Amino acid sequence: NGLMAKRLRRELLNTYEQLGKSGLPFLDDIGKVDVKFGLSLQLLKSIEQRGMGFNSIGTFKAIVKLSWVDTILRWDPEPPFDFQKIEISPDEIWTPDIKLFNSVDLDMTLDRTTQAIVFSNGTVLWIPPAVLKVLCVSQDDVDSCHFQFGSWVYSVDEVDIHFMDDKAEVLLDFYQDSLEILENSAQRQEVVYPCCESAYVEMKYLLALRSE
Amino acid sequence: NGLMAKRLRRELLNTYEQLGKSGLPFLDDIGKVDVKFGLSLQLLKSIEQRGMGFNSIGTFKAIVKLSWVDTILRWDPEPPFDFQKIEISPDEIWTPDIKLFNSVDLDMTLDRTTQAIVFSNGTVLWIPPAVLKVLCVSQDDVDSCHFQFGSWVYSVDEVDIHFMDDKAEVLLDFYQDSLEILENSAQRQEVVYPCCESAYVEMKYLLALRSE
Amino acid sequence: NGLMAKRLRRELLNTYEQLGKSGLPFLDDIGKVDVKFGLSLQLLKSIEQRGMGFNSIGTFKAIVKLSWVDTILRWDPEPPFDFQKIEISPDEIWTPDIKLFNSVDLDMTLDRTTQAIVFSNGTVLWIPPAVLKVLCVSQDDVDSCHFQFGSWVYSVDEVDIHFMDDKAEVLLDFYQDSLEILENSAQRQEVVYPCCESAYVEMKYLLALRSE
Amino acid sequence: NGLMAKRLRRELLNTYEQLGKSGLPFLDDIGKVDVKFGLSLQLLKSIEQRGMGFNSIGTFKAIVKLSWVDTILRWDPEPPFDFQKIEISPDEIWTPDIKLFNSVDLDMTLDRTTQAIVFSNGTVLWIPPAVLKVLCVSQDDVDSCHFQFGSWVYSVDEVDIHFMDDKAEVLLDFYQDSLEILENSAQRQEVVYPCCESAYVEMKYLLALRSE
Amino acid sequence: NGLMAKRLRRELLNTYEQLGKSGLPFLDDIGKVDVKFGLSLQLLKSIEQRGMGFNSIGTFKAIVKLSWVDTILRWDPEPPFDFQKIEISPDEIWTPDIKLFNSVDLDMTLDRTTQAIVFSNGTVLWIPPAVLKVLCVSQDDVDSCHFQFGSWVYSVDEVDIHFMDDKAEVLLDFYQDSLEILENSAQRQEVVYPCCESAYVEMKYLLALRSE
Ligand SMILES: *[C@@H]1O[C@H](CO)[C@@H](O[C@@H]2O[C@H](CO)[C@@H](O[C@@H]3O[C@H](CO)[C@@H](O)[C@H](O[C@@H]4O[C@H](CO)[C@@H](O)[C@H](O)[C@@H]4O)[C@@H]3O)[C@H](O)[C@H]2NC(C)=O)[C@H](O)[C@H]1NC(C)=O
Ligand SMILES: *[C@@H]1O[C@H](CO)[C@@H](O[C@@H]2O[C@H](CO)[C@@H](O[C@@H]3O[C@H](CO)[C@@H](O)[C@H](O[C@H]4O[C@H](CO)[C@@H](O)[C@H](O)[C@@H]4O)[C@@H]3O)[C@H](O)[C@H]2NC(C)=O)[C@H](O)[C@H]1NC(C)=O
Ligand SMILES: *[C@@H]1O[C@H](CO)[C@@H](O[C@@H]2O[C@H](CO)[C@@H](O[C@@H]3O[C@H](CO)[C@@H](O)[C@H](O)[C@@H]3O)[C@H](O)[C@H]2NC(C)=O)[C@H](O)[C@H]1NC(C)=O
Ligand SMILES: *[C@@H]1O[C@H](CO)[C@@H](O[C@@H]2O[C@H](CO)[C@@H](O)[C@H](O)[C@H]2NC(C)=O)[C@H](O)[C@H]1NC(C)=O
Ligand SMILES: *[C@@H]1O[C@H](CO)[C@@H](O[C@@H]2O[C@H](CO)[C@@H](O)[C@H](O)[C@H]2NC(C)=O)[C@H](O)[C@H]1NC(C)=O
Ligand SMILES: c1cnc2cc3c(cc2n1)[C@@H]1CNC[C@H]3C1
Ligand SMILES: c1cnc2cc3c(cc2n1)[C@@H]1CNC[C@H]3C1
Ligand SMILES: c1cnc2cc3c(cc2n1)[C@@H]1CNC[C@H]3C1
Ligand SMILES: c1cnc2cc3c(cc2n1)[C@@H]1CNC[C@H]3C1
Ligand SMILES: c1cnc2cc3c(cc2n1)[C@@H]1CNC[C@H]3C1
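Residue numbers (the working numbering), protein chains in the order written: chain E, 19 to 230; chain R, 19 to 230; chain W, 19 to 230; chain Z, 19 to 230; chain B, 19 to 230.
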């Protein structure tokens with residue numbers, strides 16, 4: 019019943035509406051959110067030499083894949099709320115503050131008009147298109163670019179991150195370019211920053227392309 | 019009477035106001051939406067070569083034609099509501115989340131200030147201008163460009179798509195350019211993705227133009 | 019001027035706030051809006067050749083003049099609302115959905131922060147600055163550009179358009195450029211489009227400039 | 019007391035919240051606003067030749083100085099409200115609709131995130147950074163540009179403007195560039211436009227720079 | 019406990035929601051805010067010569083670190099509110115109107131989606147990514163750029179600024195680029211402007227880079 023599904027969504031989001039979306043998605047003991055992160059390269063928009071040196075600005079189109087558990091968004095799918103999943107705007111719920119740390123701009127842009135899917139067990143799946151702009155090195159007809167992703171404010175004890183499906187690499191399931199990929203690797207690291215005390219998960223990707 | 023036309027719109031949109039626009043547009047049994055989709059090319063803004071290779075970024079101006087049934091928006095056209103249709107803003111109702119998947123930008127942009135028309139039987143007709151930016155291949159004086167569209171989060175059992183008027187081609191009813199069309203074809207496919215275990219409808223268009 | 023003027027505004031706008039701005043501006047019998055439309059070229063921002071062919075993107079700065087009657091916004095200029103006119107934001111009242119049909123972008127842009135003036139008899143006068151981008155033919159030291167304007171969703175029976183001051187031409191009352199105008203004419207037509215059965219008013223301007 | 023300072027703001031703004039920001043800021047009826055206006059050039063962003071002719075688009079960074087009396091925002095500085103002034107967002111009160119009439123874009127841009135200061139007698143001082151884009155003439159190593167400002171919809175009987183501190187020139191109090199200023203004058207005129215009945219104040223500035 | 023954390027935030031923010039975020043952050047006697055300010059250069063996006071002279075527009079990516087005390091945001095860290103800190107959105111609280119005075123655009127941009135952290139004694143720590151665009155001098159293979167930061171409307175008796183950790187230099191703790199830094203110094207100045215009577219704190223940074 020369509021009415022019941024919309025009523026369900028309203029009941030679930032009432033918490034976020036009343037208490038706000040800030041803060042880890044827990045009402046009981048504060049736990050650790052483990053985010054599964056995937057980066058799916060679609061295409062290269064441009065690689066533009068910076069001045070006359072060996073560096074360049076690389077602009078990429080990708081699909082970013084995020085999954086995590088939100089215990090506030092759980093329900094028991096017994097009638098009249100027998101729904102396995104519901105679609106939800108990501109601006110109406112908590113979302114991980116994972117940012118492209120080494121963005122040449124403020125951050126990558128994610129398409130936050132795309133909906134997330136939340137399952138009855140509170141697992142959220144959000145797969146936003148993204149534009150990423152980073153500083154690359156262009157030498158010997160190769161463009162080497164790095165991407166570092168991490169939660170802005172939450173340490174490893176608050177927000178953890180692991181490769182979605184344990185695939186430590188740029189994903190090619192949405193790939194739609196003709197570029198020759200010469201390197202494609204990634205690593206998860208727990209990084210201490212000079213400004214701050216505790217450690218933060220960093221997902222670091224290295225992508226090397228043949229120059230056109 | 020004008021006031022009655024406005025009260026009708028208010029009465030119809032009350033559901034969306036109280037409950038939000040997320041979720042398939044059904045109040046009773048949740049069915050399948052079937053979107054008729056038409057892509058009407060108007061002009062080419064630019065085709066710009068990427069680096070010194072064979073690919074280029076093609077920027078197009080089009081009109082995207084969408085029609086679907088919203089059962090929430092139905093009325094008996096008996097007086098004093100004897101209106102055949104009413105105009106409504108697309109941001110006050112559910113609209114399909116159809117994205118240009120292979121956009122070089124986050125997505126194509128639709129002019130969401132343009133009104134939709136809704137008829138008394140719940141059929142919605144929305145015809146927004148659109149800007150689309152895709153990767154083309156520019157070889158031997160021919161620019162070949164693909165456009166891939168589909169619902170982001172709804173599978174074929176939830177939101178289906180068919181070509182408007184069953185015309186599987188870029189439509190030329192708004193075409194105002196001087197470019198020579200060398201190929202113009204399109205296919206509807208039900209596609210299974212690695213990430214996800216259901217099939218999604220995709221409309222894939224191929225357009226080839228004589229290069230200027 | 020004054021709190022009573024503001025109280026007058028609140029009363030006039032209560033209908034639009036309660037009922038919404040969508041729908042023809044008619045209190046009682048729904049009639050036809052007659053829009054008076056004026057296009058006043060101010061200057062050329064740029065004319066940029068498209069690739070290596072004879073077409074170009076011409077970007078213009080203009081002032082667009084619009085007037086129409088809104089019978090909802092009428093009042094008797096008697097104590098204590100003895101005002102001949104008041105200023106109102108265009109986004110608080112119905113406005114004609116008149117679009118630049120052949121825009122290379124989604125539409126021309128109008129400055130919707132500029133206020134409209136409403137007179138006690140319901141006559142609205144709104145004169146927003148505008149930026150217009152269209153495809154021109156640049157041949158033989160002449161740039162020839164067209165502009166096609168019309169209501170997006172309203173047919174001739176619903177919204178009509180006529181040239182302001184009866185001048186079927188681009189108006190030069192705000193012209194501050196040095197370009198030589200070589201051709202300047204316009205036509206009002208009632209047009210049937212392949213998608214739809216009703217006739218829509220189209221205003222088509224032809225402008226031709228000596229090239230720099 | 020800091021919370022009393024906030025209570026004062028809330029009480030002052032109550033009127034604007036209840037009645038709206040539109041309309042001249044007299045509490046109430048009869049009155050002419052007199053705006054003091056200053057244009058302080060900070061630097062040249064760029065001058066770009068238009069095509070191959072003698073015209074250019076000049077983009078400038080400036081600080082615009084505005085002051086006027088809002089009689090709605092007056093208070094007696096007696097305890098607990100013994101404040102000589104308070105800060106207020108310009109989007110919470112009426113501001114003059116003073117636009118760059120000859121803008122190549124819709125209008126100059128003002129940083130409306132910057133606060134205004136209001137004194138107890140109702141004097142408002144607002145000093146936003148601004149970006150101004152105009153069409154210049156570039157001949158004989160001189161770039162000559164003009165800037166025209168006026169209220170969009172208010173005539174001289176409604177909104178008047180005078181040069182701040184009676185300085186009829188581009189102010190250099192914030193000048194940080196290296197460009198040689200060759201001419202720098204301004205004139206206040208009362209202008210009748212063909213389109214419209216009344217006279218409107220126009221501050222017309224002339225600035226000539228030695229070309230780099 | 020998660021609910022308590024959220025209830026605490028809502029309680030702290032209740033003042034800002036009822037009275038507004040404008041005005042200095044003092045529950046009682048209005049005092050002087052002391053802002054600690056750090057600028058961490060991350061990378062150079064571009065240095066673009068302006069015209070054909072010796073000036074250039076430098077666009078930088080940085081991380082701005084800001085800290086001050088907000089007495090409104092204090093709480094006793096006693097059960098059930100035994101939390102050492104909570105994260106809060108900078109758009110729900112007062113933040114210093116610290117602007118890049120010599121910005122070539124309206125201002126530098128800060129990523130205001132990033133969360134601030136507030137400690138129980140009212141100390142707020144906010145570390146937004148930033149894009150800074152300024153005018154530089156490019157002579158003898160050196161690009162010299164200045165950056166001037168200050169509160170826009172608050173004088174020294176209202177908002178003070180001091181260098182974070184008393185390091186009067188551009189900080190290199192997030193520096194990810196290959197450019198050689200030739201000069202790096204900064205000074206805190208109290209400045210009186212011609213336009214206005216009080217003294218304002220200005221943090222002036224000098225950065226010189228080896229040209230590529
Ligand atoms: C609703 O209210 C509208 C606003 O008042 C009104 O619109 C205007 O109509 C007035 C009066 O007709 C117009 O003012 C005149 O414009 C014409 C042409 O520019 C002039 O010829 C005229 O001069 C008059 O000329 C006479 C001698 O030739 C002289 O004796 C008269 O004193 C007078 O000087 C006026 O200047 C004005 O342009 C209109 N304004 C706008 C914004 O449209 C509508 O007519 C009214 N609607 C209805 C249906 O009543
Ligand atoms: C309110 O709570 C906040 C958070 O707990 C608290 O701020 C913390 O204060 C400590 C101590 O001042 C700060 O620690 C400093 O960090 C910097 C660099 O990391 C050091 O330079 C400081 O050095 C100290 O030692 C110096 C010589 O070695 C001395 O010159 C100096 O005076 C210090 O003694 C010091 O280690 C810490 O940065 C903050 N924490 C955060 C995250 O803000 C604050 O003290 C409390 N405020 C009040 C008014 O009680
Ligand atoms: C309303 O209150 C405002 C704010 O106090 C008054 O404006 C201010 O007026 C004072 C007194 O004239 C000005 O001070 C003067 O400036 C000149 C020039 O530097 C100086 O030579 C004088 O000795 C004097 O100090 C001040 O500049 C001005 N401030 C601002 C920002 O406007 C205003 O006069 C009051 N209006 C009325 C009608 O009382
Ligand atoms: C929460 O429920 C969801 C949906 O049923 C579970 O997700 C699917 O799990 C199966 C089995 O591992 C996978 O094959 C699918 O890929 C998952 N679907 C999607 C779209 O994510 C999920 O595993 C459950 N979470 C927990 C904690 O068990
Ligand atoms: C709902 O009503 C609309 C409007 O009457 C129908 O659209 C008409 O459909 C017929 C048959 O397809 C077309 O020939 C006409 O062009 C349409 N009329 C207009 C004014 O557009 C629509 O078919 C109806 N939908 C259903 C499912 O019955
Ligand atoms: C509180 C607020 N902002 C932070 C920003 C950053 C960090 C910690 C923060 N803690 C380090 C880790 N994430 C990005 C930067 C550096
Ligand atoms: C839930 C949320 N987002 C999704 C995005 C996509 C898909 C499924 C999703 N499911 C696949 C189908 N549509 C676009 C991508 C790939
Ligand atoms: C309903 C919704 N959108 C429409 C768009 C157009 C038209 C009719 C529409 N009817 C024709 C007339 N105006 C522009 C295009 C074509
Ligand atoms: C009402 C609404 N808009 C107007 C725009 C202008 C004018 C009067 C208006 N009156 C003249 C003065 N200001 C700019 C243009 C021309
Ligand atoms: C009130 C409103 N705006 C101001 C802008 C500035 C100043 C004072 C202001 N006072 C001086 C200090 N801050 C920037 C400029 C110059």
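If you're looking for bench data, these hints aren't it; they were derived computationally from the structure.
Don't take each hint at face value.
Identical copies look the same in the list; a pair holds intra-copy or inter-copy alike.
As the list claims (entries may be wrong) - For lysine-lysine, the following BS3-like pairs were computed, each having C-alpha atoms within a straight-line distance of at most 27 Å: (1) 50 <-> 185; (2) 151 <-> 103; (3) 103 <-> 63; (4) 151 <-> 117; (5) 39 <-> 63; (6) 54 <-> 185; (7) 103 <-> 54; (8) 151 <-> 50; (9) 222 <-> 63; (10) 39 <-> 103; (11) 185 <-> 39.
Comparing the hints with the structure gives:
| no. | hint | result |
| --- | --- | --- |
| 1 | 50 <-> 185 | within (22 Å within a copy, 35 Å between copies) |
| 2 | 151 <-> 103 | neither (34 Å within a copy, 33 Å between copies) |
| 3 | 103 <-> 63 | neither (35 Å within a copy, 41 Å between copies) |
| 4 | 151 <-> 117 | both (12 Å within a copy, 22 Å between copies) |
| 5 | 39 <-> 63 | neither (33 Å within a copy, 33 Å between copies) |
| 6 | 54 <-> 185 | within (10 Å within a copy, 38 Å between copies) |
| 7 | 103 <-> 54 | both (19 Å within a copy, 26 Å between copies) |
| 8 | 151 <-> 50 | neither (30 Å within a copy, 39 Å between copies) |
| 9 | 222 <-> 63 | both (21 Å within a copy, 20 Å between copies) |
| 10 | 39 <-> 103 | both (20 Å within a copy, 16 Å between copies) |
| 11 | 185 <-> 39 | neither (30 Å within a copy, 36 Å between copies) |
Hints 2, 3, 5, 8, 11 from the list above are not met by this structure, while the remaining hints are.
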